[PDB]
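As a starting point, one isolated chain is supplied in structure tokens, in the form deposited in one PDB entry.
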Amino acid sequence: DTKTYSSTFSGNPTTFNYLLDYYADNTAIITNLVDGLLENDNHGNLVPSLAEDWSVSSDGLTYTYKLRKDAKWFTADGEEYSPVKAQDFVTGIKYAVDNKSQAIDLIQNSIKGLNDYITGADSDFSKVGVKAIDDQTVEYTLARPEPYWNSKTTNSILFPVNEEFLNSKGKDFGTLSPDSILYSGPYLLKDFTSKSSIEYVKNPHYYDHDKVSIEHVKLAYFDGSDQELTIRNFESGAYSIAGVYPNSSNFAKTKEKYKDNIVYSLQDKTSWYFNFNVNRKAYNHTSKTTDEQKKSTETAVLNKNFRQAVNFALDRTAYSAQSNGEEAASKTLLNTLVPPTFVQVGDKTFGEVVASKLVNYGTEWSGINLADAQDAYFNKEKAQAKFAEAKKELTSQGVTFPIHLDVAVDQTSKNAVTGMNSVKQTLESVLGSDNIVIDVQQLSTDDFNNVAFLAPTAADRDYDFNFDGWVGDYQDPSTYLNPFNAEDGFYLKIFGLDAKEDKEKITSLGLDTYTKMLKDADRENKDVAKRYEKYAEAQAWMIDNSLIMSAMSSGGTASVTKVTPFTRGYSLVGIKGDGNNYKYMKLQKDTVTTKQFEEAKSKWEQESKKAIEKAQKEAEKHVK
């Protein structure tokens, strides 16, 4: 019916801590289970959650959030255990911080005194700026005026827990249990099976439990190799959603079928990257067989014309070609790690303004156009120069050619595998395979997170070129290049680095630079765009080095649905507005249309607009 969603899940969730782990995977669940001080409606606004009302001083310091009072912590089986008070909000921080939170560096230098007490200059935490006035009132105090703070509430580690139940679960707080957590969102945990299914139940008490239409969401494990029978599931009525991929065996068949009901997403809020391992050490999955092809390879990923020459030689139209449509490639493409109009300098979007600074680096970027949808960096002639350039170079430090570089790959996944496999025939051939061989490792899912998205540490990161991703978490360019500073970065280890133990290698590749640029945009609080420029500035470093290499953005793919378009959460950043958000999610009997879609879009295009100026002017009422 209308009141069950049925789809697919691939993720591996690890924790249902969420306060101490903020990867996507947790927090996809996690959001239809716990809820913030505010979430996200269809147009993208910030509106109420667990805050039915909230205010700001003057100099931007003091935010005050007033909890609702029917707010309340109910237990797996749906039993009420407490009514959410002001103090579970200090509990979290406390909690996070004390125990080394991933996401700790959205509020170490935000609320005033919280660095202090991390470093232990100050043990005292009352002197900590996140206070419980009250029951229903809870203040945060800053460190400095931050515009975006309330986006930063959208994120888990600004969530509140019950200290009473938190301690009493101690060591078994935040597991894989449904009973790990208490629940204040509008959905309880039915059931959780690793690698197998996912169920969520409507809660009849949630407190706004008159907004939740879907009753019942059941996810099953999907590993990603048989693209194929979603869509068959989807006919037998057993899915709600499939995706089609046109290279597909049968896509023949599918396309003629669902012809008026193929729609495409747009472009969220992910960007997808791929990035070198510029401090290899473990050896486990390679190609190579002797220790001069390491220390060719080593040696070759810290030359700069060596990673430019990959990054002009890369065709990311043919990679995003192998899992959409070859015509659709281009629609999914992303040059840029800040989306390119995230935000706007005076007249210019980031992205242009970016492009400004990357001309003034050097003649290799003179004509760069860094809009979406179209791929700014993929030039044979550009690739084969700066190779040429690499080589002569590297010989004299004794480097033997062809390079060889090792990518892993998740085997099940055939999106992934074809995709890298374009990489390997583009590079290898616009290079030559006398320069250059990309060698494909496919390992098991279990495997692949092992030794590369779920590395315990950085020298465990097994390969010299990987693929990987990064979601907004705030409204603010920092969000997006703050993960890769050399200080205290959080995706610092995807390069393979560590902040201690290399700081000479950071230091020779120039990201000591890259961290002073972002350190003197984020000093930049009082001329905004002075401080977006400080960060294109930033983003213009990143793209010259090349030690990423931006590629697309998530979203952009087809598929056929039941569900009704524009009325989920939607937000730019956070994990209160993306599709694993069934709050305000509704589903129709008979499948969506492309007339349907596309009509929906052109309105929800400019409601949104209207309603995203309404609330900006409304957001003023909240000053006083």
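Residue numbers count along the first chain shown, from 1. What changes on going to the form deposited in another entry:
- Where the chain switches from one rigid part to the other between the two forms, the hinge residue selected from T349, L266, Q293, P48 is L266.
Let's compare: the form deposited in one PDB entry is above, so bring in the form deposited in another entry.
There are no partners or other molecules in what follows, just the one chain.
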């Protein structure tokens, strides 16, 4: 049945409130249920969704969108509720800001007048830069140019909501009940039963129903156990797709029976990295026992040669092999914060341009290759030479060796313990345990969140280094680089740093240089090739200074599938461009072969690079 997608869901959905929530387990559902202004085609271009047309002013400050006449709201049973109107986009922003949406930073500094609204005693919302010119016309006025603004509209904080429905539901809006939202997307939510089932049905009156091929989507809850049985459901025809997991027991027969069908998904939008804490104050989780050890570690992590030595000794493949497969460990490798083909810079990839700038920082970077799916960094001799320089500098400063580094893990993630033990093993093998000792702090999930992700302030980060990630949310290198800026970077805290109190240490680390590189790049909003080259300078600075050490992406997982490759909508950012968007997806009767996938990927790489060209000039025609 090529009209029924049957699979599983393994996360715990918590809310359908697409305006206030941006958690992946929730957006994977509501992207099928609610449309925004734009969506993505299968090549990554922004294309019409609820908006059939759009324009931008010459100064880049005013975006206007024309809603299509048959954009409609439906209740979950499929009955028409009301046409979508431009005021619904005003309602959405006011509601998202008044209730402090998880995604508010996407718009707070972007829409004109919004930051003042969130701080006036009675700041009137009619001063905010979102307006319904008439029923079919929504107009956004921005506080500064944002060449990436349209890509933001694929995030659900920018989706519309009908005010009368919103007001009538009140506290019952956007729960886990299908009737707690209205539907404007390709599907209706026919069922949601917590920890058992999600079912979508194609909306036959959706404006783009003729483009929707999958009529039924059935997802069964997968609780993480008994991995050996979803392949059996693939063979029987009960499932359209089946993951192939190293943590399983039937692997042998699976890999070999499906050796010519196992395909790997594209690397997705989460950039994982290791980072240092260079301003540690919290020592509730340490194997160090003396003030002198803590002083030695604090001085070491401030030494750039020391951080680079760790960087060159961190074997990313061995870490990836523990969580994923050792065969497929290389599929997820990532060497930059900004994925190396995230944008093109003229004839070159972003990663090629970053490499050209990075070589200027030192002979240790000569020949560096930052491409995906290989480890750019690991190099024993480079690590040992860097450490020897660091040890001379640090000994001269009064430090005692070996340097002990604490890293915390959630002990309930088996991939996390085995992964960090691999990092300990490799670092100590390469640099020597008379030089460095990695002390893994196994913690409960609650304690692990308290030392890092949920640490109340920068001063509460309780580790010397950590493994962490960033999800990009708009189509510009700054989405990955801005969080680490020294004026107001949201993620300065992961380094233990606060912009005001640690201004001196921030300057001494060179982060003012990084921050000025980002400002200079953001200034370029007419020539994107020049804009992106300037962001490459900042990415190269970050790599050289090794406060962040890029490691891997998400995605890149093995499966057998009946999904015809490269037909679904696709994007690097937003929620309309991942494997959870069934609208453009097509199913086939026969299992995809590795050979078919290779030919489809080459065809897609040709057509995508070309269509992105035709799409840009296309956007030059929308400048009004």
